[PDB]
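These are the residues of each chain, in order.
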Amino acid sequence: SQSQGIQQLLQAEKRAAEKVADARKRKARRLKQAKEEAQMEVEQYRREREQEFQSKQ
Amino acid sequence: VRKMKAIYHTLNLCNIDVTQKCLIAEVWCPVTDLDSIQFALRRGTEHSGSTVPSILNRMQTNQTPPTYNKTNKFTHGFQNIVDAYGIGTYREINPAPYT
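Chain order of the listed sequences is M and a. First residue of the first sequence: 3, per the authors' numbering; consecutive thereafter. First residue of the second sequence: 297, per the authors' numbering; consecutive thereafter.
Everything labelled a hint here was simulated from the structure, so no lab data went into it. Ideal Cβ positions, reconstructed from N, Cα and C, are used throughout, including at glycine. A portion of the hints provided could be inaccurate.
As the list claims (entries may be wrong) - In silico BS3-like links for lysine-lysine, alpha-carbon gap of 30 Å or less:
| hint | chain 1 | residue 1 | chain 2 | residue 2 |
| --- | --- | --- | --- | --- |
| 1 | M | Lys27 | a | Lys317 |
| 2 | M | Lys21 | M | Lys37 |
| 3 | a | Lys301 | a | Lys369 |
| 4 | a | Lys299 | a | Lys366 |
| 5 | M | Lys16 | M | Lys27 |
| 6 | a | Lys317 | a | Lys301 |
| 7 | a | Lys317 | a | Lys299 |
| 8 | M | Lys16 | a | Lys317 |
| 9 | M | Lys29 | M | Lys16 |
| 10 | a | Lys317 | M | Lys29 |
| 11 | a | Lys317 | M | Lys21 |
| 12 | a | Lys366 | a | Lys301 |
Claimed, not checked - Pairwise CB distance ranges (calculated):
| hint | chain 1 | residue 1 | chain 2 | residue 2 | range |
| --- | --- | --- | --- | --- | --- |
| 13 | M | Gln9 | a | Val323 | 17 to 23 Å |
| 14 | a | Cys310 | M | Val22 | 23 to 29 Å |
| 15 | a | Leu309 | M | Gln9 | 23 to 29 Å |
| 16 | a | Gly340 | M | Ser3 | 20 to 26 Å |
Unchecked claim - Far from chain M, some chain a residues (derived; all Cβ distances over 12 Å):
| hint | residue |
| --- | --- |
| 17 | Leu307 |
| 18 | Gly340 |
| 19 | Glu342 |
| 20 | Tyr381 |
| 21 | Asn390 |
Okay, chain a solo, but in the shape it has when bound:
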């Protein structure tokens, strides 16, 4: 139930087109993981009976992107004590590996 709720809430945070039963949304995603996203989209739409191409196309990124630092079971804690002071500038040098 929680998952369904999250899904619908996510879809609310979108712009539903008026003239077609199709949805456009902008998303942030890792660049390196874009292929993984497209494969996931392929599987998702394949489950859907309409098999819409569902093509995600990059836009001239020009708003401030979020700062994504990949962490694991070990490094997550160190990243958090850094984040506690503030979130680094996009493409800032991450101090955590030295912390």
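Here chain M stands alone, though its shape is the one from the complex:
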């Protein structure tokens, strides 16, 4: 039954490798999203501070 055990472990290892590589791909994607959102929040801050400037003026 060892040859079957081998086949089962290889399938489990295949899935594990896929799951981890997928997590790394996700990490890269989330990082890009993080930058895009950060920039949008920065613009929101810019808008608000510009409004504060106008009020002060």
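Add chain a to chain M, keeping to what the hints say.
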């Protein structure tokens, strides 16, 4: 120290899998003693914190097995003078009890 060395040397005489931190090995063992082996494995892995099932499964034995004759303090010497001539065929009639 000698024991540790023997252990590591034994583990070298194995095939380490690449994708998982798990070890597969083939071993010869007495059939009648297999239960004893599994109980020993249970105790060993129980000491290990991971308690991996550590299941030893028989394979379609098809290579020439070693010849194991159980000897004791008395019969060991007689077995050796037999072995001096040669190691008997697997499941050969052991001449030693008559020697």
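Hint check:
no.	hint	result
1	M:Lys27 x a:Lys317	holds (24 Å)
2	M:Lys21 x M:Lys37	holds (24 Å)
3	a:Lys301 x a:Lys369	holds (28 Å)
4	a:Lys299 x a:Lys366	holds (24 Å)
5	M:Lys16 x M:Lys27	holds (16 Å)
6	a:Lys317 x a:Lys301	holds (21 Å)
7	a:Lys317 x a:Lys299	holds (23 Å)
8	M:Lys16 x a:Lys317	holds (14 Å)
9	M:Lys29 x M:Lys16	holds (20 Å)
10	a:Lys317 x M:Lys29	holds (25 Å)
11	a:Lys317 x M:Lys21	holds (17 Å)
12	a:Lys366 x a:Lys301	holds (27 Å)
13	M:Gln9 x a:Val323: 17 to 23 Å	holds (21 Å)
14	a:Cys310 x M:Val22: 23 to 29 Å	holds (26 Å)
15	a:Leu309 x M:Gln9: 23 to 29 Å	holds (24 Å)
16	a:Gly340 x M:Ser3: 20 to 26 Å	holds (21 Å)
17	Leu307	holds (18 Å)
18	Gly340	holds (19 Å)
19	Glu342	holds (22 Å)
20	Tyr381	holds (36 Å)
21	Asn390	holds (30 Å)
Violated hints for the displayed structure: none, as all numbered hints are satisfied.
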